[PDB]
Amino acid sequence: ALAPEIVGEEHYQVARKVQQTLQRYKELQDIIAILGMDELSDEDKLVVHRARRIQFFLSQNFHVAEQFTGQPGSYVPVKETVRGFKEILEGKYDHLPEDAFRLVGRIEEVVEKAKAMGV
Amino acid sequence: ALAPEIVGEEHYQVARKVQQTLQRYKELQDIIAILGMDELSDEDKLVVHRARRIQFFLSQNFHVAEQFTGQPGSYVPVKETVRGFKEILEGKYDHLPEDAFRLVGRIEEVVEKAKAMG
Amino acid sequence: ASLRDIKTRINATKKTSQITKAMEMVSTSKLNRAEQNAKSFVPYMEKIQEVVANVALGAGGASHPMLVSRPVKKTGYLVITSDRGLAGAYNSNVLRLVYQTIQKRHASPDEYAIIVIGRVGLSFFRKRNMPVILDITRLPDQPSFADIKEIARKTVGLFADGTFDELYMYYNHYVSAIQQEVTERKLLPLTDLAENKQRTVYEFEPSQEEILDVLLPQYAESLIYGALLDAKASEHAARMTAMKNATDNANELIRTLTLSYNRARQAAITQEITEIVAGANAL
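Residue numbers (the entry's author numbering), protein chains in the order written: chain F, 353 to 471; chain E, 353 to 470; chain G, 2 to 284.
Hints listed in this document are in silico derivations from the structure and should not be mistaken for laboratory results.
Mixed in with the good hints, there may be bad ones.
[What the hints assert, rightly or not] Dumping the calculated DSS-like pairs for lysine-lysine here, alpha-carbon to alpha-carbon at most 30 Å:
no., chain 1, residue 1, chain 2, residue 2
1, G, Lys40, F, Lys397
2, G, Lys40, F, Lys431
3, G, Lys105, E, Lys397
4, G, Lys16, E, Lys378
[Said to hold, decoys possible] From the derived model, a few chain F residues whose C-beta atoms are all more than 10 Å from chain G:
no., residue
5, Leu398
6, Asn413
7, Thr421
8, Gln423
9, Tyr445
10, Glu461
[Said to hold, decoys possible] Here are the computed distance ranges between Cβ atoms for each label pair:
no., chain 1, residue 1, chain 2, residue 2, range
11, F, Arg368, G, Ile11, 34 to 42 Å
12, G, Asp6, F, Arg368, 38 to 46 Å
13, E, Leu387, G, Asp6, 51 to 59 Å
14, G, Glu253, F, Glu395, 25 to 33 Å
15, E, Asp446, F, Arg404, 37 to 45 Å
16, G, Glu276, E, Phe420, 52 to 60 Å
17, F, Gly422, E, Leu387, 54 to 62 Å
18, E, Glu439, F, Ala468, 19 to 27 Å
19, G, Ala279, E, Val428, 53 to 61 Å
20, E, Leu387, F, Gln371, 47 to 55 Å
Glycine included, each C-beta is placed from N, C-alpha and C at the ideal position.
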């Protein structure tokens, strides 16, 4: 179903951009493991910065996970998902800590987090 | 068997301390080789000083080696070896030369050997 | 993966581990020597600090000691960076601070200029569009008194001829083998002195204010050494720490790859013997 005529042009482009960033991050893994980020170029460091936040934002809190952890679940529309990933790719939230993107719903929840802690 | 339930609390503590000292001495080999002995701190100096005693005291003169050496063998009880290693850890014999600990038995034979050397 | 791929990965990782271990062992000795050089520098710094703290307050004035030079203008920035990478965040830590200060407190490429030591900082600034006036790139690992004499003299002269209003210097200060601190120091105008017994000079005076015109440019060599020796020590310590961390990571990777290799070998042997036995008993 991931075709431009089925999901829409912007949805398709956002998905492809996210996959490209994740692929680049996966390629950088062995160098990062051996000797860290200190020898990466400026663009590679930006790629890592975006990719970690994207990977964390791909997490979600499920309704059925209420039994394991007390956090209630969330339902996220596809429009909100696309808009949030587009905003992350555009660099709007590069200043937020990466731990704020874990196990949330909309990007508004990411923004609400990092306020209960340091902003 | 190295557990206080069957071997004894004092034996367990002595063994653990000896192993810790030997590991500490092992960790310093590269820095000693590169910079030298005089570049270490005082505590490192003491650790090396005591560990080179312990390494030598871990040796023993065997009965079967008498045919080649001329020195009679020794049989060291567990109480004797535990007490000797405890005394060495306490620093009771830091002034003794290190070669005195080479191929002796109990903790008095090292004193006799060192006195014989002078 | 396959056995051959795992074996090649293990061999490459082992070669990398050996190279990093050799680099670390070299860097340790280089740091040890840099510490002795920094120790040797001390008495000259002490005597010149005392004599300056005495004389410069001798009821007079000059361009260097005044609170404000020629009315506020272009600010001078001197940054010290290594000429080669593999030093961890050594260069980036200083460069981020310098970039932040320049972008925040000037906001115009007219009232500042940059002097760089080392190739890394030069490349960093030339990748952007910030002007660089003077630079020196290749230096001994243990510089002697005459190594950067020309650059230091020119840096002082740029303040002397009114081209600069003030000088700030940024570098890594050595605290420990694992901790180095980025430091910003107000170089010119010096603006501060030591609180000592001001009268103890007894210099046979040719002229009490004329001697400052010679002393102050020579006291300025705080820039050449009090920062550069710490910079070299920090660079060598950073290289040592980064190389040992890399060696540890390589050893851990070798261990895990060896475990994977052994599992693959056992699986291959089992599969081969099972296929052979099945073919044999199919007859």
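Structure-based check of all given hints:
no. : hint                            : in the structure
1   : G:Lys40 x F:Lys397              : 38 Å, violated
2   : G:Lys40 x F:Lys431              : 65 Å, violated
3   : G:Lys105 x E:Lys397             : 51 Å, violated
4   : G:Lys16 x E:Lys378              : 24 Å, holds
5   : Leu398                          : 14 Å, holds
6   : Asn413                          : 32 Å, holds
7   : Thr421                          : 31 Å, holds
8   : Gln423                          : 34 Å, holds
9   : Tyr445                          : 20 Å, holds
10  : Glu461                          : 31 Å, holds
11  : F:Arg368 x G:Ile11: 34 to 42 Å  : 36 Å, holds
12  : G:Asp6 x F:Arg368: 38 to 46 Å   : 30 Å, violated
13  : E:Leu387 x G:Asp6: 51 to 59 Å   : 41 Å, violated
14  : G:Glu253 x F:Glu395: 25 to 33 Å : 28 Å, holds
15  : E:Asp446 x F:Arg404: 37 to 45 Å : 54 Å, violated
16  : G:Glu276 x E:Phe420: 52 to 60 Å : 56 Å, holds
17  : F:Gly422 x E:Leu387: 54 to 62 Å : 55 Å, holds
18  : E:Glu439 x F:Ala468: 19 to 27 Å : 59 Å, violated
19  : G:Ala279 x E:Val428: 53 to 61 Å : 60 Å, holds
20  : E:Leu387 x F:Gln371: 47 to 55 Å : 52 Å, holds
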